[PDB]
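Here you get one chain, nothing else, as structure tokens; it is the form deposited without its partner chain.
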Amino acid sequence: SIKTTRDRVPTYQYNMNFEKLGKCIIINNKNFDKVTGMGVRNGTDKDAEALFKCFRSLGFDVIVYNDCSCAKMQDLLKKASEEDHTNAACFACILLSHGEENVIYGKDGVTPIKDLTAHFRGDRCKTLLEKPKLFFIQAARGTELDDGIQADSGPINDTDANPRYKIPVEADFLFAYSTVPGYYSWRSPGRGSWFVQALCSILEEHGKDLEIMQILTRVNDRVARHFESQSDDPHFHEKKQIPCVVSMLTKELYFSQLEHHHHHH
């Protein structure tokens, strides 16, 4: 049919009618131990700060945790799952650190995303069932030492035997991964990552009128446009990156209910 706008709409959206939108954990890891070999994540602060203001505006009970250790990160995530979200619309976790294969970097070493998400896997955490659990991740690979002076180094193979490369496809889970780096500066003043900046800019302008997928998509195109334009300075170009969205959502996500938000004096 043509031009059809007259119907109840709808039972196709996640229910937001709750005392609170939900909690938003923001793990902002900028400094990693030497035993790690990872460099300082500049701008991660700008990011985190931007994410804080942004998600807070959406109505998230956000808390920022910095330089968390694998044990710490795992700890708080498990604690959050431990809580009662009966009067919450959803949950959101944001990770800002170095990224490898299926794992995020902690203050000390590396911890698999699988674990962080485990705490909510199906059965666990019944108070969040039927509700979205959002994971926004920004974990690019390390900048390394870039060759330079030849030093003494050697990889060691000895762990507590606990491989976790699965990140199970559970319902009502959404992931917005980003491997797009950002540190092409001399003094490294930190101007924030493209992804974060996009995710924030767009979110704090359509986070109340657009559905999650719409936003995330615009963020994608936004970040995309960066690899379609110049990067200044000759022979200084980078390989194209693009955020990734994995959605196991079963409804439309809207950080609103009805009407608009009051901003008038």
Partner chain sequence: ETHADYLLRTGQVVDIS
Contents of the next structure:
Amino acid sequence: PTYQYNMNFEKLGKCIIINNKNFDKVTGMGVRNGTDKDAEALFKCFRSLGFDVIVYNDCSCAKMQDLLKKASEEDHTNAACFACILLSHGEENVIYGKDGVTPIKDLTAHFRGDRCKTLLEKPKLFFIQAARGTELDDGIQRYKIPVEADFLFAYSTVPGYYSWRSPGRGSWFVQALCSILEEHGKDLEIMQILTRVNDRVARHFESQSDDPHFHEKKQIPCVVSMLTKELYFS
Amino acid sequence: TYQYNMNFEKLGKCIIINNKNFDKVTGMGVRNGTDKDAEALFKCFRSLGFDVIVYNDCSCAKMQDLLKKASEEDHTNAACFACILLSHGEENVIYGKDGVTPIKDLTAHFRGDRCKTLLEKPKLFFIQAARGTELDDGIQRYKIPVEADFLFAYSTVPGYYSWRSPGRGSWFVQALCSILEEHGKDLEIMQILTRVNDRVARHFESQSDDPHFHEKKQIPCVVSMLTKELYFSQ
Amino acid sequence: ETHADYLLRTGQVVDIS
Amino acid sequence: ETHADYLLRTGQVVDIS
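Form deposited without its partner chain already given; the form deposited with its partner chain bound follows:
In what comes next, the whole complex appears, and the chain from above leads the way.
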């Protein structure tokens, strides 16, 4: 027999959304057109879920690190969990700030059970919409707890691969995540939701571009769970 | 919305690689207790309905060959595939008798584009091995991604050590077998692994003469690229 | 130095659909 | 050298209980 995370708290929790769209020339990274659409859609979804959403924009690696560090120092006692969403450029293990790159590990470590006691035994979720490389998927027709426990990372793509988005519709992963959340965010368990998102971007999306190097390409998200209980946003 | 179709002549193969003795050159120790793990796993997966096979003290060449050959067999009448790795390990790599091989290379053999007979079928990999040496002190017309439908159930988190007792056996394996025996046939794959997560997280703690390794903790790590819910039973 | 790789490393590649 | 790191490096550290 096994339970669900206790959700009986004054509030669901905070939800830091980092919307990186414009990057310094020095980095040479392009303008992430469509990210605003993503942020708007996410903002609404997580608000509906009951999160206290906040959106930061074009943050430097320093701001992002500071942002999350500060957050980890706030008092989450009356919160059920925590949520952070990263929308930016990225490379394996790293994510882009306005001025450069920072290891995703450093961003999330701030919430280890030993560095944010107020979140111990509470789920800490991180949704990352960013590339993790450039590979393309051609497809085919007396109690103590691990300081590292209760983390869940919902990546848009698999390690080493690219992440797709349309400046019009927005990120595939984000498009998918919002759909399922809107439809089942309040009745399905977190892993069911993310699994349906996996299938969604896997089946209902395919690249399409003038250059054949990037035509009819595919993508599969990646979920990493260190959760110790089932998670229902209610 | 749905579950993986399990209506097939057989559940699938289950390659168990039991590495216990390593070449002196590697300097790796005798994984005492691994036999206990293999025996317990062998029985659990057999009960699940898998066609289990256990290999022992395999070289990186044998392991690679083993899995490559397997990926070339015809899985048409199988519902899914399962591989279990019991050996020494380091981040991203796993130990063979004679050395080290990247876990990525071991699993790539089953990409949708290299094992068509397993397309849209779940390919599970359970890895009982260290992924570093950090210790957890604890606290108070379609087309699908060639990389889809993979699930990696790691005993520990990236960069950390993995515990086992030469007597009882690996913590992760001990846990996995418990939950499987109790719910392998009625719970969804992610529920099972989540319960395993909680199990090794709460019900286990290191204990050794040397204080450097006393009262240490551990949290498993699940990586899912599955696109449907998975239940081991029609 | 490959341009088809330029849009990649720089993230310019997107889905036109 | 540190025997301790030596033990982890060779994965000889085991729970004795």
